[PDB]
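Student: Chain residues, written in single-letter form:
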Amino acid sequence: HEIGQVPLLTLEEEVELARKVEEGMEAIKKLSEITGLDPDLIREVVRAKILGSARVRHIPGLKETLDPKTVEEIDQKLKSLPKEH
Amino acid sequence: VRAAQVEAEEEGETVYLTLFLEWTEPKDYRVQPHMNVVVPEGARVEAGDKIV
DNA sequence: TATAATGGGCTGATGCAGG
Numbered sequence: 086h087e088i089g090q091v092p093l094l095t096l097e098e099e100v101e102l103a104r105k106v107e108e109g110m111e112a113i114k115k116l117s118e119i120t121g122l123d124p125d126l127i128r129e130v131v132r133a134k135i136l137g138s139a140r141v142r143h144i145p146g147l148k149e150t151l152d153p154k155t156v157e158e159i160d161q162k163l164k165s166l167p168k169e170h
Numbered sequence: 317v318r319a320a321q322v323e324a325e326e327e328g329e330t331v332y333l334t335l336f337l338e339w340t341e342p343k344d345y346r347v348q349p350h351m352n353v354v355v356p357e358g359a360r361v362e363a364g365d366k367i368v
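If you read the sequences in order, they're chains U and V.
Add 85 to a position in the first sequence, counting from 1, and you land on the number used in full-length UniProt numbering.
Add 316 to a position in the second sequence, counting from 1, and you land on the number used in full-length UniProt numbering.
A hint or two may mislead.
[Claimed, not checked] Interface residues of chain U toward chain V, partial, derived using beta-carbon atoms under 10 Å: (1) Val-100; (2) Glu-101; (3) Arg-104; (4) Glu-107; (5) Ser-117; (6) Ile-119.
Source of the hints: derived by calculation from the structure; they are not laboratory data.
Just so you know, even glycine gets a beta-carbon here, dropped at the ideal spot from N, CA and C.
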């Protein structure tokens, strides 16, 4: 019943979503270099706020303990960048 | 179509209007499923900008 | 790692929504 709640995509919605996913990963790679940070850690910090703070935990492989303290600090550097960045 | 400046010369029983006219010419472009339009409705574009 | 594939096969004791 719960998977019948999501309508299935049309060919354009499918390619739209697929489109944005890949472009989003290219986004995060370049944000590693601007920032001097680590793509995986940026990946999880981007990840955190889309899902909500419902899910926040330590992710295996990341160097920092991922708690609201560090995701706030890392998010506000992310937002401290020029508008083109 | 509209007329900005109007200069007129007279000769015999006629007048000749050198019309500084201003208008927009439409061209239609067809989008297909694997392309995305990256321009919003009513955007301004110079020669060479990307639409889809 | 790439055609496309998108919704399963008999009793008694006690705590309850309903005349």
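Student: Could you run down the list of hints and mark each one as holding or not?
Tutor: Evaluation of the provided hints:
The beta carbon of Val-100 of chain U comes within 5 Å of a beta carbon in chain V, closer than 10 Å, and the hint placing it at the interface holds. With a cut of 10 Å, the hint placing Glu-101 of chain U at the interface with chain V holds, because the nearest CB-to-CB distance is about 7 Å. The closest approach between the C-beta of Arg-104 of chain U and any C-beta of chain V is roughly 6 Å, which is under the 10 Å cut-off, so the hint is satisfied. The closest approach between the C-beta of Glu-107 of chain U and any C-beta of chain V is roughly 12 Å, which is over the 10 Å cut-off, so the hint fails.
Interface restraint check: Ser-117 of chain U against chain V, minimum CB-CB distance 24 Å, threshold 10 Å, status violated. Hint status for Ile-119 of chain U relative to chain V: violated, with the closest Cβ pair at about 22 Å, above 10 Å.
Hints 4, 5 and 6 from the earlier list are contradicted by this structure; the remaining hints agree with it.
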